[PDB]
Amino acid sequence: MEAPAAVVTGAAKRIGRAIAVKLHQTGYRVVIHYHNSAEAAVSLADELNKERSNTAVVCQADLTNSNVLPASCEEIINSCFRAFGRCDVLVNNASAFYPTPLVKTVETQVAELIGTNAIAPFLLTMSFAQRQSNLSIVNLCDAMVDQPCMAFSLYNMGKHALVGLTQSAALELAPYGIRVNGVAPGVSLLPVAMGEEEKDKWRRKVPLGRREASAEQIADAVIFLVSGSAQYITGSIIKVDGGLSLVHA
Amino acid sequence: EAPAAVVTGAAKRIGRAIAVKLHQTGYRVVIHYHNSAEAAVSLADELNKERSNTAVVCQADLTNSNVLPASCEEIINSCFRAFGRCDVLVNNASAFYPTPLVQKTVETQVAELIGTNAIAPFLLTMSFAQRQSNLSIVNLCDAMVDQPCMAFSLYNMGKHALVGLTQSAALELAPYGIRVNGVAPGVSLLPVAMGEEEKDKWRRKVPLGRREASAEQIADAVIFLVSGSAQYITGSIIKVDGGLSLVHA
Amino acid sequence: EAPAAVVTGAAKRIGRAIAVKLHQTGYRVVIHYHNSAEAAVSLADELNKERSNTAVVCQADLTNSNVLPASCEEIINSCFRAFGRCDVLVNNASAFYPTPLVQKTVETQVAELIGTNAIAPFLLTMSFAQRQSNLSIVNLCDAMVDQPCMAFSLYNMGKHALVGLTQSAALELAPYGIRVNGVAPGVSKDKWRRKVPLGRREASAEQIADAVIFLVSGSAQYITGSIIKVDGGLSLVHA
Amino acid sequence: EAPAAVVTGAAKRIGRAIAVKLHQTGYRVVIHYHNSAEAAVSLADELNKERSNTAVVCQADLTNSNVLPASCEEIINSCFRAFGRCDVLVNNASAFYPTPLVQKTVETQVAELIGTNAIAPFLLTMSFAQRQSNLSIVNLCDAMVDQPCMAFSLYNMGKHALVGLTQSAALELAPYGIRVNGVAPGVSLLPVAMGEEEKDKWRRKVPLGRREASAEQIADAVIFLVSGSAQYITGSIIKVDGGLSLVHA
Ligand SMILES: NC(=O)c1ccc[n+]([C@@H]2O[C@H](COP(=O)([O-])OP(=O)(O)OC[C@H]3O[C@@H](n4cnc5c(N)ncnc54)[C@H](OP(=O)(O)O)[C@@H]3O)[C@@H](O)[C@H]2O)c1
Ligand SMILES: NC(=O)c1ccc[n+]([C@@H]2O[C@H](COP(=O)([O-])OP(=O)(O)OC[C@H]3O[C@@H](n4cnc5c(N)ncnc54)[C@H](OP(=O)(O)O)[C@@H]3O)[C@@H](O)[C@H]2O)c1
Ligand SMILES: NC(=O)c1ccc[n+]([C@@H]2O[C@H](COP(=O)([O-])OP(=O)(O)OC[C@H]3O[C@@H](n4cnc5c(N)ncnc54)[C@H](OP(=O)(O)O)[C@@H]3O)[C@@H](O)[C@H]2O)c1
Ligand SMILES: NC(=O)c1ccc[n+]([C@@H]2O[C@H](COP(=O)([O-])OP(=O)(O)OC[C@H]3O[C@@H](n4cnc5c(N)ncnc54)[C@H](OP(=O)(O)O)[C@@H]3O)[C@@H](O)[C@H]2O)c1
Ligand SMILES: Nc1nc(N)c2c(n1)[nH]c1ccc(O)cc12
Ligand SMILES: Nc1nc(N)c2c(n1)[nH]c1ccc(O)cc12
Ligand SMILES: Nc1nc(N)c2c(n1)[nH]c1ccc(O)cc12
Ligand SMILES: Nc1nc(N)c2c(n1)[nH]c1ccc(O)cc12
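Chain order of the listed sequences is D, A, C and B. According to the deposited numbering, the stretch in the first sequence is residues 1 to 103, 114 to 142, 152 to 268, in order. According to the deposited numbering, the stretch in the second sequence is residues 2 to 104, 114 to 142, 152 to 268, in order. According to the deposited numbering, the stretch in the third sequence is residues 2 to 104, 114 to 142, 152 to 207, 218 to 268, in order. According to the deposited numbering, the stretch in the fourth sequence is residues 2 to 104, 114 to 142, 152 to 268, in order.
If you're looking for bench data, these hints aren't it; they were derived computationally from the structure. Every residue, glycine too, gets a C-beta built ideally from N, C-alpha and C. Hints may be right or wrong, so weigh each one.
Residues from chain C shown here face chain A by an in silico Cβ test under 10 Å; the list is partial [what the hints assert, rightly or not]:
1. 27
2. 96
3. 99
4. 100
5. 101
6. 104
7. 192
8. 198
9. 205
10. 226
11. 228
12. 230
13. 257
14. 259
Chain D on its own, in the form it takes in the complex:
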């Protein structure tokens, strides 16, 4: 009852998994939210519960925008209170990412890219605050939102909307002692299936070490922002990009 509890969206794999593991290692009980990756979510929960019993549960939800998304987001937050009796930390990590050229239906693309990257964060933030000591929300942003990838307008719109949520929610929730911050990766984990020749093109752009961030390096910034060492920090977005965003064309 004395261990704090965290919800991490899109926690089965990659960066969300690293966040969930590092929160667990810091002493949090975790809700591992997932959409399609059930086997991976359950494997992570079983690993964490082997390390300390009754410290991890999974929660499935589609975070695409729809008439039912508010209820789904309320139920993710409720899953943390039902398992652990509290919810101290929300990490909005789940995200759709694919091109939408201006030149799936376009409204499905809107629902997926704006829903996962912005509306679901907003509704999870409402539900988190309504249900409420070091409370905080961390949003996974994008260091490159001002130099965006060609043909990613909806993704980019969603990530800019998430900056606006981070700022608006930081201002409105400060009186409740809820801090709201972001972590903005540059290039972190690349797709397994991406050719090494294409991965290397991206790695060579990064000033600091000519490599992508590990998931753990992203998670380290999340751990800092939820810690007692960040008690005066709200409305801040920490770039974890190895200097990538400083590199001109």
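Fit chains A, C and B with the ligands to the known structure of chain D by using the hints.
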């Protein structure tokens, strides 16, 4: 011979001033409106009295829905039907009201605030580009996006998403010769519902003249960005705020 | 009658295009120069042939030193002595060269880069404001200030300082009806041209000058503390 | 062997807090000071009583002059003379006073405000890099540089120049494995000269707790940036402002 412009939410206030000033510059205009049919028709009558066959109205709800892409395609189609071309799109229409995080359905609020401020601009941008010189798009942004109104999360999210669209569409549409820029008012025409005491509180905050922007002052920056004097400007957002965004708390 | 403008570094390139376009708009102009006397006088001769006694030149070193305040007071005073008024100040003069962090003295580089790009604009702003119907200052900024050229630390510091001055001066001078804004060129090598999204159009000094003309016009009377990027979209392009 | 840090302006207030927290983390420290000799020596004595031979003082004026490069080289050299290495540089020393545009010589004000806030950090960064594992530089910026205090032009110019240095130095020193970041306080320790009524005016503006940052809160963000938990972070500026910069006029 005369270029043509679409102005969304053009029946009243800033959109009306933009439509008038484009018309005075030589443009044929589509006056888009949602509810303000009498004002839209009155404006078209006034512009047509000055030069015949230079203004038409087009009704559309720009709330997000599965038919919003068709409504946006229809607005651009209405410009081609009336005038045989579409040179300028001004994304001005916008919903604005509070959406507190702590306590219309929330999904209707998402649809209205994110639809009008961000998704409709995106879909109008797609339709504008697909249907294609001095081609340009001007998005009406908000100079106060980083110092937002308490309890305006969804509005602020939509205006941040509009910044993202302005940048992403500038990058992607540059090869087609379409420039995409923004105009960011601070306090301009104050809400019709606001009491006089509250209006004077906001006026006194503005360094340059202790007054709100006129609609015509906002329209002047739109006129610059669509002109031949801006043909190397794309992805830029011009604040028209009298210095308000420079004022600390 | 006619308003008057000071343009620093006005003998060549962007300053010259700004001076010509202000003159064409109906301003009388002070053409400031440091080393380019022949070019400054050639420009003044071209403008005075169009309208008599509407252009003068003014020599000043804008390197920071013990005398830079007096030099900046003289540039503003030159406008008031020639024309009886000073409505517009365009801070265009700039030094540009690399200053690597790892291996002219470095303090000479500070005096040139920080002096010309930031301190002279500050002192000219003070002198302009102290001597005071559509009054404004336009600072020539840099669209790539947040994605800087490798080994250009002092240049980049000076251009960031000039953003700070634009904002601080906009705030402090708004009560005097003086607007303060910036224009931020991108590129004004074929390598650089190929990266520009609007690169089908040639970058020109006239395009920068067009943004300056907008900002000093009545069409910008509510605009202060704004920096207009004129970069063809270059600052949007990722590495 | 213990790493070593230089902290400028470290005799009192935030610089002392940074020196203390670096010492508690296991660094040997150079306590730079200008006028505060008694406070600097009293701090070095306290740190040396905790662990012998872990703190020294170094006096220097960081006003700009033709000698400033030699002074900055000497500060870095004092860390190597004492400790055999120099792992961290914290640029904290800063002059802060108004310089009204409309009415010390102005050139003295330039030398002090631009010297301490920008040129000395630049020259110390050059000396730090030239003299060269987890190497990093942390610059103390200002969260309110875009909403500045009235009549502080030179101070604001100096802090904007420091942001430029942070980004330029991050790009250029990344290949040498030197990270360069910033910490941007909003309101922390209020000026000693300020009356309680004026201090309370500022405190009431801060969303998160209606109070200024403690010196330790600022030092916490510095400790994070120099730590292994920030190995991929360079060119980032962490606001530590309690949401103050999000508050509109
Ligand atoms: N990787 C990078 O280089 C990078 C760069 C910049 C920003 N970021 C940001 O960092 C965060 C993590 O990145 P990442 O690469 O680890 O993410 P990712 O692998 O692309 O996606 C994370 C998870 O999001 C969940 N998700 C996707 N669509 C969803 C939906 N409709 N409903 C619910 N959940 C859904 C998925 O869960 P299931 O697998 O369970 O279906 C997926 O595993 C994201 O916010 C991303 O934008 C990453
Ligand atoms: N006024 C300011 O101080 C200020 C400040 C910052 C930014 N801005 C921006 O500048 C632009 C103009 O501002 P304004 O105050 O003139 O705007 P406004 O009066 O609030 O709204 C403009 C028009 O938007 C239309 N609109 C609202 N909901 C809509 C929907 N669901 N579908 C279609 N149209 C809809 C309305 O058309 P009908 O009347 O026909 O229904 C309305 O007349 C907006 O983008 C605004 O965000 C304004
Ligand atoms: N060119 C670009 O692509 C570009 C890009 C970004 C920003 N900008 C900005 O746009 C503005 C104009 O650019 P530009 O390329 O036309 O500038 P420029 O040719 O490099 O220099 C303009 C003038 O500055 C004056 N100047 C230089 N050092 C001086 C000193 N110590 N004292 C007095 N005057 C001095 C010179 O006048 P004299 O010849 O009389 O000695 C010079 O002709 C600058 O502020 C620049 O930073 C330009
Ligand atoms: N306090 C805040 O609320 C706040 C807000 C925003 C940003 N910051 C930034 O955070 C840092 C620490 O702030 P603070 O309030 O603790 O600073 P501070 O007390 O105003 O100044 C720190 C030290 O700077 C040194 N300094 C001043 N002029 C100098 C010179 N000419 N040569 C060498 N050193 C000089 C002084 O050393 P001596 O005492 O030995 O003479 C002084 O103790 C500063 O960079 C500041 O700009 C602070
Ligand atoms: N959800 C999600 N997944 C990703 N793989 C990226 C992403 N968001 N943003 C990215 C930006 C750059 C990149 O290389 C990858 C990503
Ligand atoms: N559609 C729309 N209408 C408004 N009246 C404002 C708006 N957007 N943004 C505003 C920001 C400030 C303000 O005083 C008013 C507004
Ligand atoms: N005074 C001055 N002169 C220049 N040529 C540039 C400059 N400032 N900034 C530049 C940025 C890019 C570039 O290609 C050129 C410049
Ligand atoms: N060197 C220095 N000392 C200070 N006391 C402040 C400062 N810089 N910046 C500040 C910004 C706000 C404030 O209340 C105080 C300060």
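Verification of the hints:
Interface restraint check for residue 27 of chain C: the shortest CB-CB distance to chain A comes to about 16 Å, outside 10 Å, so the restraint is violated. A least Cβ separation of about 24 Å between residue 96 of chain C and chain A goes past the 10 Å threshold, and the interface hint is therefore violated. Hint status for residue 99 of chain C relative to chain A: violated, with the closest Cβ pair at about 26 Å, above 10 Å. Annotation: residue 100 of chain C was flagged as interfacial toward chain A, and the flag is violated, the nearest CB pair being 29 Å apart, outside 10 Å.
Residue-level restraint check for residue 101 of chain C is violated (minimum Cβ-Cβ distance to chain A is 31 Å; threshold 10 Å). With 10 Å as the threshold, the beta carbon of residue 104 of chain C stays out of range of chain A, its nearest partner Cβ sitting at about 38 Å, so the hint is violated. A least Cβ separation of about 9 Å between residue 192 of chain C and chain A falls short of the 10 Å threshold, and the interface hint therefore holds. With a cut of 10 Å, the hint placing residue 198 of chain C at the interface with chain A holds, because the nearest CB-to-CB distance is about 7 Å.
The restraint placing residue 205 of chain C at the interface with chain A holds, with a minimum CB-CB distance near 9 Å, inside the 10 Å limit. With a least beta-carbon distance of about 3 Å to chain A, the hint placing residue 226 of chain C at the interface is held under the 10 Å criterion. The interface hint given for residue 228 of chain C is met, as the beta carbon of that residue sits about 8 Å from the closest beta carbon of chain A, less than 10 Å. For residue 230 of chain C, the suggested interface contact is upheld, since its CB lies about 6 Å from the closest CB of chain A, less than 10 Å.
Taking 10 Å as the C-beta contact cut-off toward chain A, the hint placing residue 257 of chain C at the interface holds, the least distance being around 6 Å. For residue 259 of chain C, the shortest C-beta to C-beta distance to chain A is roughly 5 Å, which falls under 10 Å, so the interface hint holds.
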